[PDB]
Amino acid sequence: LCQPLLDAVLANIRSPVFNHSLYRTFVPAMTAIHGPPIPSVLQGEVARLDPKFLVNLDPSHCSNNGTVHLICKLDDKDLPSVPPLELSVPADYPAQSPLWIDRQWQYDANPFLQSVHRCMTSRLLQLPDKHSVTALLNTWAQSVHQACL
Amino acid sequence: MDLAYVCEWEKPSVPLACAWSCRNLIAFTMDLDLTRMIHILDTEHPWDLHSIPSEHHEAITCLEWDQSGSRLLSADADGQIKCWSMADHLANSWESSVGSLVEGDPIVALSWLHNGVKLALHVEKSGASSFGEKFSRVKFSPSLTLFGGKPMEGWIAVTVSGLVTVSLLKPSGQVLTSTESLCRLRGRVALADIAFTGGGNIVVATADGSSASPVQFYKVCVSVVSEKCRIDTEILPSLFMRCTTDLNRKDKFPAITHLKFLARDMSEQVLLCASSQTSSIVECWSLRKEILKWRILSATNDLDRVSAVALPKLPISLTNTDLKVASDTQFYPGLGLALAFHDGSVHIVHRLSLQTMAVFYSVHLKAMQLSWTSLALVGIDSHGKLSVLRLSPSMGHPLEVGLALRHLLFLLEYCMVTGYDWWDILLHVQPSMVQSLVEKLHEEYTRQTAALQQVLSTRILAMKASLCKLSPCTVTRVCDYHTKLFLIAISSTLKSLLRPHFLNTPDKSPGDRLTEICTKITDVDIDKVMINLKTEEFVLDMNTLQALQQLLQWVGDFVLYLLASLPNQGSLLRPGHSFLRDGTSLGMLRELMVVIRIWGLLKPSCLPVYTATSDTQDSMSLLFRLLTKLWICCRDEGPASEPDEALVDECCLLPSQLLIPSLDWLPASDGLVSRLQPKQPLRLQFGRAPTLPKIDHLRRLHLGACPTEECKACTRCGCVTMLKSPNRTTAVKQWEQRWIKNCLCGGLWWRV
Amino acid sequence: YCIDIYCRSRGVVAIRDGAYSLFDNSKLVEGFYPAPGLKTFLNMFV
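Residue numbers (the authors' numbering), protein chains in the order written: chain z, 617 to 653, 674 to 785; chain 0, 13 to 23, 31 to 51, 57 to 314, 336 to 407, 429 to 759, 778 to 836; chain r, 922 to 967.
Don't take each hint at face value.
Only some residues are given here: those of chain 0 computed to face chain z with a beta carbon under 7 Å [unchecked claim]:
{"id": "1", "residue": "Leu673"}
{"id": "2", "residue": "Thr677"}
{"id": "3", "residue": "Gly788"}
{"id": "4", "residue": "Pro810"}
Partial list, derived from the structure: chain 0 residues whose beta carbon lies under 10 Å from chain z [claimed, not checked]:
{"id": "5", "residue": "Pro727"}
{"id": "6", "residue": "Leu729"}
{"id": "7", "residue": "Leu785"}
{"id": "8", "residue": "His786"}
{"id": "9", "residue": "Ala789"}
{"id": "10", "residue": "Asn811"}
Simulated restraints, written as ranges between beta carbons of each label pair [stated by the list, open to error]:
{"id": "11", "chain 1": "z", "residue 1": "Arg630", "chain 2": "0", "residue 2": "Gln612", "range": "16 to 24 Å"}
{"id": "12", "chain 1": "0", "residue 1": "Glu119", "chain 2": "z", "residue 2": "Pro764", "range": "42 to 50 Å"}
{"id": "13", "chain 1": "r", "residue 1": "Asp925", "chain 2": "0", "residue 2": "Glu119", "range": "57 to 65 Å"}
{"id": "14", "chain 1": "0", "residue 1": "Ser121", "chain 2": "r", "residue 2": "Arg929", "range": "52 to 60 Å"}
{"id": "15", "chain 1": "0", "residue 1": "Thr559", "chain 2": "r", "residue 2": "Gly958", "range": "36 to 44 Å"}
{"id": "16", "chain 1": "0", "residue 1": "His463", "chain 2": "r", "residue 2": "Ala935", "range": "35 to 43 Å"}
{"id": "17", "chain 1": "0", "residue 1": "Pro756", "chain 2": "z", "residue 2": "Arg630", "range": "33 to 41 Å"}
{"id": "18", "chain 1": "r", "residue 1": "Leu959", "chain 2": "z", "residue 2": "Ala645", "range": "20 to 28 Å"}
Since the hints were derived computationally from the structure, they do not count as laboratory data.
Heads up, the beta-carbon is just placed ideally off N, CA and C, and yes, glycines get one too.
Generate the whole structure from the sequences, applying the supplied hints.
If you want it as structure tokens, here you go:
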């Protein structure tokens, strides 16, 4: 039963006086019956972390431009203090893995440090395709711990 | 003067520029890349400024406005004198077109060539009797004057290195450009100005260097001969000696910061503002026949350095008798010279003594331009602001209210004759004497000639309405005047479509026949008897009839509304007043009702479709009966007994027989004026309307909840109409082409 | 009988006689007849 009004209205959708036609035919009656009418996501993840992973922003660089660098340094009484891990977030992140900065200048000296690096690079390679800063830092904690073996 | 209102933006420095139009449009450069953009301002609507790209390349150094409005010229420091016209007529959509180019910097004022009409205002020697002697025409000549006797449009522009560029504008539409050196000894022209000498427009192009060099006036004629522009130069008496290089105060005023002929079209008086670091001295000069030679007409005491000089633009007679009665009656406007200082002050100057008439101790003004009635200023402030200061007709002196009445009435009558604009005059009209101004306008319109009243029978209504928007005791009357304008318009566009075949014997136009029958002969209380005693040969092709329905439905709805408002249900004066009670508008509506009956007898489509309650009531006949009763009661003068109990008895039933429609009313807004304050300023923002104080009024086509089509909007009326003539190819062209330029009030269109 | 009561702006509240068809004055809407004399009474309280 709606087909007549349907094709009628569909007929003249283009006309520039269509609004006038709609108003003239209907508004009189309708008034007759009814009366007158820093990426700030990284900020979150940094806020909600575990206390042991005290993370600040790198004094080097200017975090202002699209990606803010990070200089995060492990704490936690149980662990063994190690070298810091310098992070970099691809501001398109999430859906963008935060880079790691590899350097034997950090770990070469000693066995504990080189073992840390082996475990870290392996486990990070395993981490799937969607890394969040929490994933990196958690992986790093597990790496330190597993190197303490 | 208080600030009218001042508006900033939301947030190296280069010289600015501003030019106030004949209508009220300001064009300021506003160097904040939006350093090269021209800003256009509506001046009765700030906060909606159009930013033309202007496509220039260096600082827009000279701006200038056509003597007719409607055209804007902007030259940069690279050479593109570019002519800005009004794209399909709309005040906020400018477009670039024919211009010209010379790679040096046009540093002297671009001038717009002078049409013959100059003006004259016999100020208060005859601010009493009539219009011809108040505002007279002086016999100035044009530049090139024509082939056939009507001036040729064009623009002179002098550039550093002393070139001149005439570039006439042929009615064909293409430019005839030319260039020729001022004097054979080419020299630096840093500050220079152009004005036009009455005798055949032998226009004089003053040109100074920077300091301690003569000011070196020149003479340039224009010579269309040989189908190619030609310009001939002769030197004129040069004027060294700004009179500050001889007082043995040697270098206290090195530079010349300004030189501007005291008024364009008023050569033989030049203002020279020398200056220094924290110092200035201004002097006027006058070329007296003694051999011609310059000599000081006035000079000013040492002053803090001037930042902007603004010249009077209102034509005022400097004759001794006229200035005498101007000093008596204190009609100061014309005798003003706005000097703006670096400290922050603004002084007005006597223009012939260079004393001080007023001050505005209040960041300085780097560009200042007076209005066309000497009642407003426009100060582009250094920080980026914009003020419109009121310059009172009498510089604050409280002289009696009758005298302020006579001042503002003289100015408003000037604006009626020249047709320029009156927003400035509206800035000053107090809420106390709006009714009295309207009364004096009634008088001075009746008295005149019965010939000029036709010239003003459309501007008088606009001025009446714009005045009545003040004075809260009479806001009721503006709606009715803007409705009377629309009624006149419809009557003149429906009595002009008739086109008979017959012309029976005599001189009797069908509209004249309409009126004569309707009024004089058949004051019959019933229609179809008026239809009888008329020739029924009013036949328009059945297309234009159908296109005419959206308008005739107005006259229908308005007759219904007016007759519905007779019982005066509303506590206050309602929005149909003064059309009742003795209007000839009743006669006009009756004429339109008779012609609508005759039309609809041909094509039933083009009739006012009333939603009736009784089915077969012949609604048009009932409305004509009521109109005839009201017009019979209101034709003869005197009777307040028009609402004879029978008539109001019939009228109070009308909601029962029909549905009293809901109309637009077309003030459609309350403009910036009637909102400012008496004294308080009004901070504003560019692009953000003042927070607190859909009908297509010229086609009567309903736009929906949202418009969905672009639409212009009258600046002063409030009107809104659709931009692309959205009717089909078959549409009455006696309307859309009537308002395609200026609307029925007479104000420019603006895009939404 | 079917009087109908429109609510409205700040204070007022309207009272029609709902039987009478709004678009016609001769017709009684569907089944309910009109109430003779209601206008007088509702004016009495006006």
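Taking the hints in turn, this is what the structure says about them:
1. Annotation: interface hint on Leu673 (chain 0) violated; nearest CB of chain z at approximately 13 Å, more than 7 Å.
2. Against a cut-off of 7 Å between C-beta atoms, the interface hint on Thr677 (chain 0) holds, since the closest Cβ of chain z lies about 5 Å away.
3. Taken as an interface hint, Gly788 (chain 0) checks out: its beta carbon lies about 4 Å from the nearest beta carbon of chain z, inside 7 Å.
4. About 3 Å separates the beta-carbon of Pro810 (chain 0) from the nearest beta-carbon of chain z, less than 7 Å, and the hint is met.
5. With a cut of 10 Å, the hint placing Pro727 (chain 0) at the interface with chain z holds, because the nearest CB-to-CB distance is about 8 Å.
6. Given the 10 Å rule on beta carbons, the hint for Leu729 (chain 0) is violated: about 13 Å separates it from the nearest Cβ of chain z.
7. Evaluation of the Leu785 (chain 0) hint against chain z yields a held restraint, the C-beta minimum of about 5 Å falling below 10 Å.
8. Annotation: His786 (chain 0) was flagged as interfacial toward chain z, and the flag holds, the nearest CB pair being 4 Å apart, inside 10 Å.
9. Interface restraint check for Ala789 (chain 0): the shortest CB-CB distance to chain z comes to about 9 Å, inside 10 Å, so the restraint holds.
10. Hint on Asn811 (chain 0) holds. Least Cβ distance to chain z is approximately 7 Å, under the 10 Å limit.
11. Distance hint check for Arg630 (chain z) and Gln612 (chain 0): the Cβ-Cβ separation is about 20 Å, which falls inside the suggested range of 16 to 24 Å.
12. Range check, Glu119 (chain 0) to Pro764 (chain z): about 58 Å between beta-carbon atoms, so the 42 to 50 Å window is missed.
13. Range check, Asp925 (chain r) to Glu119 (chain 0): about 59 Å between beta-carbon atoms, so the 57 to 65 Å window is met.
14. Checked against the hint of 52 to 60 Å, the C-beta distance between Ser121 (chain 0) and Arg929 (chain r) comes to roughly 57 Å, which is consistent with it.
15. Checked against the given bound of 36 to 44 Å, the beta carbons of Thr559 (chain 0) and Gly958 (chain r), roughly 51 Å apart, lie outside it.
16. Taken as a hint, the range 35 to 43 Å is violated for the pair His463 (chain 0) and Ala935 (chain r), whose Cβ atoms sit roughly 58 Å apart.
17. Under the hint 33 to 41 Å, the C-beta atoms of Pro756 (chain 0) and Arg630 (chain z), about 38 Å apart, fit the expected range.
18. Checked against the hint of 20 to 28 Å, the pair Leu959 (chain r) and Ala645 (chain z) passes, with Cβ atoms roughly 25 Å apart.
Consistency with the previously given hints fails for numbers 1, 6, 12, 15, 16, ordered from lowest to highest.
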